[PDB]
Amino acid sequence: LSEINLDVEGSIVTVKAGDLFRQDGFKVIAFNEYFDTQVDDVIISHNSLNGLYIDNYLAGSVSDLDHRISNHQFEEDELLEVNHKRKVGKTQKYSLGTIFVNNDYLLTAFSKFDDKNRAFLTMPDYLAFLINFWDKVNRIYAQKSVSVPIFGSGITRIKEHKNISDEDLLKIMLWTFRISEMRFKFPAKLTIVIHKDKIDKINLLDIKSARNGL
């Protein structure tokens, strides 16, 4: 079984094996809190989806995107404090769930970076990113297709849940999307794209319950 459609409180949500970059419509790439763009296996890694987007899929130079983000008008709440101590990498912190749209890609600030440029989140941070993100897309991209990976199944560490399964992350994503879409009467059309090789690990049948919040 490689695809499932579920009714989540009135909206059809699709979970399917595939390649995110082959999806038509809006595609979500998970960046870090600084919206770093330097793929040198030091800040951003070449195996991440964040570095893979920049390496082979970004339109234009990395230097052009940096200036588009630097000269972008983020809400007063989406802008955080500036880490002047950051040695290697950008300095402006952004609040999780922040979205910078770039052609048909939604670059979202997902993971945090510690003093040792390690990608991490706490479970409260993870659930808070999801709720904020789901709010922004259901509000801004109502009725538009949005395709997302399994947030946090890559190198991002969820503190104290290092062994969390992609199947648990997937259920959480559906629980938090339900909480969000239930306040919107025309939410986004959500597709969760699972890497074709990882789909054999996940039992899509263990997830259907999350469409009702359990």
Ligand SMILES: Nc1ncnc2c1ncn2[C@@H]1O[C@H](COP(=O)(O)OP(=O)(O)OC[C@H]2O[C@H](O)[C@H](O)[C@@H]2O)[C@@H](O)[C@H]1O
Contents of the next structure:
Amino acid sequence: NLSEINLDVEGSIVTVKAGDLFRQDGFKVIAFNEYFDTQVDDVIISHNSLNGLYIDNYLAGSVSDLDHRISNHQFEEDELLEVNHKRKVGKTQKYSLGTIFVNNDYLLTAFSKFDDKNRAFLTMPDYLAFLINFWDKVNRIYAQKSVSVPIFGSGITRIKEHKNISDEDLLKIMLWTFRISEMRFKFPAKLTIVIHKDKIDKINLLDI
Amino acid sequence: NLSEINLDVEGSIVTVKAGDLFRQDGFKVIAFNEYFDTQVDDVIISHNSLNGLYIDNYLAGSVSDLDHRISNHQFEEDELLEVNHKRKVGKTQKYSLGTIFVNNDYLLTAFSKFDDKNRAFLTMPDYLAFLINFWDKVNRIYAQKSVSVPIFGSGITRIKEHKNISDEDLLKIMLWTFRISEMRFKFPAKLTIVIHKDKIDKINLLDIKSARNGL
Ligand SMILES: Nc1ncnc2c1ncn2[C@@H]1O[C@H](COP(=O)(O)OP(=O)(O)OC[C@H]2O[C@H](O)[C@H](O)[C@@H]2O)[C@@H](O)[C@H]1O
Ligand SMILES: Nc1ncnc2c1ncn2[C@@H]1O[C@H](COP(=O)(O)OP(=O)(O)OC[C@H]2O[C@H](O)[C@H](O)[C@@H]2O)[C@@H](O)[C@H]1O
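Can you switch from the form solved without this ligand and show the form solved in complex with this ligand instead?
Next comes the full complex, and the chain you just saw is listed first.
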């Protein structure tokens, strides 16, 4: 019946707290799909998803300006993938999972893959690959800085073969993938995992 | 001092014990590389790996027989990768990680990648992807059957950016990923993880019980 716990992981504090991601001070992480889509129409991007809420309610400036900024940005060659020329709707450039686009205090990250068949989806290995690559990026780049994340993949993402996986189990995977990442960093990022305040019932923080 | 432990993981008992993989009853898993190389000459495969030690002392029949058997075997379309024609020494057909070739009571699996200098290596994402794919296969194909494994990657394999990762850390990751796999299988394989008897010094079986809950 508690709402926050601080965890000593590899000699660094990881906070898990009930609350609202959008209210956190510092960097806040928003999961986009692999095309960094921005069309919120409840089929590509759901109005209910954090991706949709951020664009609809919190993105400063227009969605058009954001597309241009992302379009004209230059990512490492490790992060640009094949262009899906034959797509019905949405952007065409694909990005490697974990790629980050910075937008003010928001870290927009290529999280889920998309296709008309499985819509937003990831294999369990893709999910683990995302976490490792993502944690490695934030720990090298945002060392000693605050980074707040939700429970990645607990929304409408179908993790293939894991339709029913629980929020707590995804939280556990997030935690031990973070442990692995920060093994190689003296000063990692200052991570906070936010559980939507109306969902601390779904999770017993003493289990952790 | 403690040499064996039984853990309930997702409602199934997993055994971690000191011993000898080759003395294990039931299926034994041998880590081959992504080409299923069989040439044990300390250039491709080394004599001191379980890969080379299985070929040298435990393989039934000649290495030629095994090569031909693997080449003729019908692998899944997704298990078959592209063919590296530039390779100057060894087999050329790449296989996706976790691919399994069953050989009597041995499960030969494509574990490590070989770079241009025949160095065994994996990235941490590759390693995790191998474990999930491999656990998924054996829990599907060998449900309720004994499957014994060593601590994958604790040999010469370099896990990129984790050169000094401890055997105990690899063990927990193996347990974490196996737990995830059997969230999908109500009747998983009966897993035994074998720590080489002379390496039990490096592993404290008490620091491992939390992994059975995914922590
Ligand atoms: N204000 C909040 N604060 C904290 N957590 C919240 C909040 N609102 C919701 N959550 C919870 O935060 C968790 C994550 O919410 P999401 O990001 O939607 O789900 P995903 O990680 O599967 O991303 C969906 C993907 O597919 C899409 O196309 C996107 O492009 C993504 O790529 C859920 O448990 C929410 O209840
Ligand atoms: N009899 C034994 N019983 C149990 N464990 C053993 C035994 N002998 C050694 N071990 C331990 O078992 C662990 C694993 O030993 P290995 O399989 O060699 O190492 P890897 O997993 O990094 O695979 C080597 C890769 O590179 C190669 O080219 C292959 O192709 C592979 O792809 C070590 O801790 C050993 O001490």
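Residue numbers count along the first chain shown, from 1. We call the rigid core the largest set of C-alpha positions that still match within 1.5 Å between the two forms. Only residues modelled in both forms are compared.
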After rigid core alignment between the two forms, the listed option with CA shift of 2 Å or more out of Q92, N117, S95, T122 is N117
Here the CA of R178, compared between the two forms on the core, is shifted in angstrom by 0.3
Core-superposed C-alpha displacement of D197 between the two forms, in angstrom, equals 1.0
Once the two forms are fitted on their core, the residues forming runs of at least three in a row with C-alpha displacements of 2 Å or more between the two forms are 115-117
